[PDB]
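As a starting point, one isolated chain is supplied in structure tokens, in the form deposited in one PDB entry.
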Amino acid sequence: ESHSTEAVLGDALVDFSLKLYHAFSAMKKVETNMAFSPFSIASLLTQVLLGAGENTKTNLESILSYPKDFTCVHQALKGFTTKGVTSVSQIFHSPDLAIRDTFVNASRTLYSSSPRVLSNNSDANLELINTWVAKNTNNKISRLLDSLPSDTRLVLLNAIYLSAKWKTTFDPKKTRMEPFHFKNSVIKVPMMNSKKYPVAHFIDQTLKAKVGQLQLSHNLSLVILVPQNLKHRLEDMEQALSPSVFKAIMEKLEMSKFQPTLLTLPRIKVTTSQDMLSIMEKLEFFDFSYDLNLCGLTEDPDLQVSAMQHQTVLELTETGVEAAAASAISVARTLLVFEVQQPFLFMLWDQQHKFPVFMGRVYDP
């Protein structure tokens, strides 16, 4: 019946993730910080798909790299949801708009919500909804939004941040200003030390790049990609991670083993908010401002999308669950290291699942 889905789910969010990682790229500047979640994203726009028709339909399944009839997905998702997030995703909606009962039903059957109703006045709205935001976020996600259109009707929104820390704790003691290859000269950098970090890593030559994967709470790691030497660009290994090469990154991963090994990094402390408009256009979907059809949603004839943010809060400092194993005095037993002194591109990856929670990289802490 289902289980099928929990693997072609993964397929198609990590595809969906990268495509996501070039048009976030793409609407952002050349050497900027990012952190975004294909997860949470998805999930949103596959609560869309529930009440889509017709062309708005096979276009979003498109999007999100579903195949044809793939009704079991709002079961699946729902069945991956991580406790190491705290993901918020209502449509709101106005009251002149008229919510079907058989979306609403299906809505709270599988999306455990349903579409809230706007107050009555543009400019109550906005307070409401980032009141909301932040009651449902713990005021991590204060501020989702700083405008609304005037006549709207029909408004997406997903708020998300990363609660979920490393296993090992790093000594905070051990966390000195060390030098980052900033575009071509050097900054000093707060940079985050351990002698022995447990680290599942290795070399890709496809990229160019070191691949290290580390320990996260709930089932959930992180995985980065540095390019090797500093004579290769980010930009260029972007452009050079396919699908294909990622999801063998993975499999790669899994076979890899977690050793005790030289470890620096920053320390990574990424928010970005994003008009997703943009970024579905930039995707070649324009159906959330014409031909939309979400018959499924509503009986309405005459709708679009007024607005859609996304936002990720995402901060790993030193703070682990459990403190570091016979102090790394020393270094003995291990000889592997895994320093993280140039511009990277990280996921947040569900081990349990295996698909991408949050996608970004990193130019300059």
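Residue numbers count along the first chain shown, from 1. Rigid core here is just the name for the largest C-alpha set that superposes within 1.5 Å across the two forms. What changes on going to the form deposited in another entry:
- Summarising the superposition on the core between the two forms, the listed residues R267, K174, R116, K252 contain exactly one with a Cα shift of 2 Å or larger, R116.
- With the core held fixed, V223 shows a CA shift below 2 Å between the two forms.
- Comparing the forms between the two forms on their rigid core, the Cα displacement of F338 reaches 2 Å or more.
- In the core-superposed comparison between the two forms, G79 has its Cα shifted by less than 2 Å.
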Given for the second form:
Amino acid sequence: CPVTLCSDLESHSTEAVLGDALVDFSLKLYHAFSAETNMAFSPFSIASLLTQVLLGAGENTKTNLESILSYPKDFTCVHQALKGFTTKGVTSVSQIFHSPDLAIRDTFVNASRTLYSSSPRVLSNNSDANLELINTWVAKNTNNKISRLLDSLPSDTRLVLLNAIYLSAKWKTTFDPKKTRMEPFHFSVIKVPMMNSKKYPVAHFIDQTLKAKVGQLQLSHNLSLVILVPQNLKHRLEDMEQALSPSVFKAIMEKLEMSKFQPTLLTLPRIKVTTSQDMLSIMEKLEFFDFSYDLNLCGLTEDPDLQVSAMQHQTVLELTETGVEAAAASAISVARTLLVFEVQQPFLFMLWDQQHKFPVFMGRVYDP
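Moving on from the form deposited in one PDB entry, kindly provide the form deposited in another entry as a structure.
Since only the chain itself is given, any partners or molecules it might have are not part of what comes next.
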């Protein structure tokens, strides 16, 4: 162990590599997560937290983490590339808290100020105080959509790494809320909230490989909502998903990106989804032997008694008539699992960054 080597960043190419890696990472996470219900998560927040862990990792841990994230061997410019994947529709901030008995290397301190515009903050002796500090930080950076990321903060806690994302954007064409209706849905039968518009601009086509309608609704700030729905009842969402390889996914997004928007009768489920998940436990389905038992964060601190055992992830995502709001946070911390969802007809969706070409949020609606 000796950090700090990216001085020259060729922005087209490191951008392409990183977007591609986040795509791959997104699909791996999606697939591990779908192994049957309704959820949303932010592969980008999760990648961002793990890349912060990576900034302070030693050799063996770097290796595992890079493979999980599909980053190439060499990619020292990742952190600078990742820093400029923030948009005006999407915010991303990162922060560390530590006990005063955990010394953070100066080198880690410098890198953290450069990349995150933040310095490590000190925890106090009080468990409840620390919890409010942290949870308030997250709230502050998710427009209060995530007001309680952590349930508790054990007394033995010496390190918290966090990331928080806030995405907010308007539809180019809004829906009319007098046309929004609670519509029957077959499922004890229920009613579900449905935004309707007879001539909405959707770019869409059927892909013969997924056997699926592919559609995109345009938002401001180069973000879109991308939807994949099985093309009819003969095909289940699981088959579509398993066909969704990285090459298939990328070929869809390419064709999608040249497709014209055209007036389309649209009955958009008015999705509100809140998901909390131990994402380490999902992450961990992507490697055989668990990296955490040899956790080497010598980049971050000389202290050897640091242990990573969970990662809280929470996503809140809301479609309205005016736009989308999606918040996510991820922490290396104690985690709880709760999936809150409104049942609907099956599809996958993404909030896609059409500038940097990766999924900021991904989600699934399933009809059991």
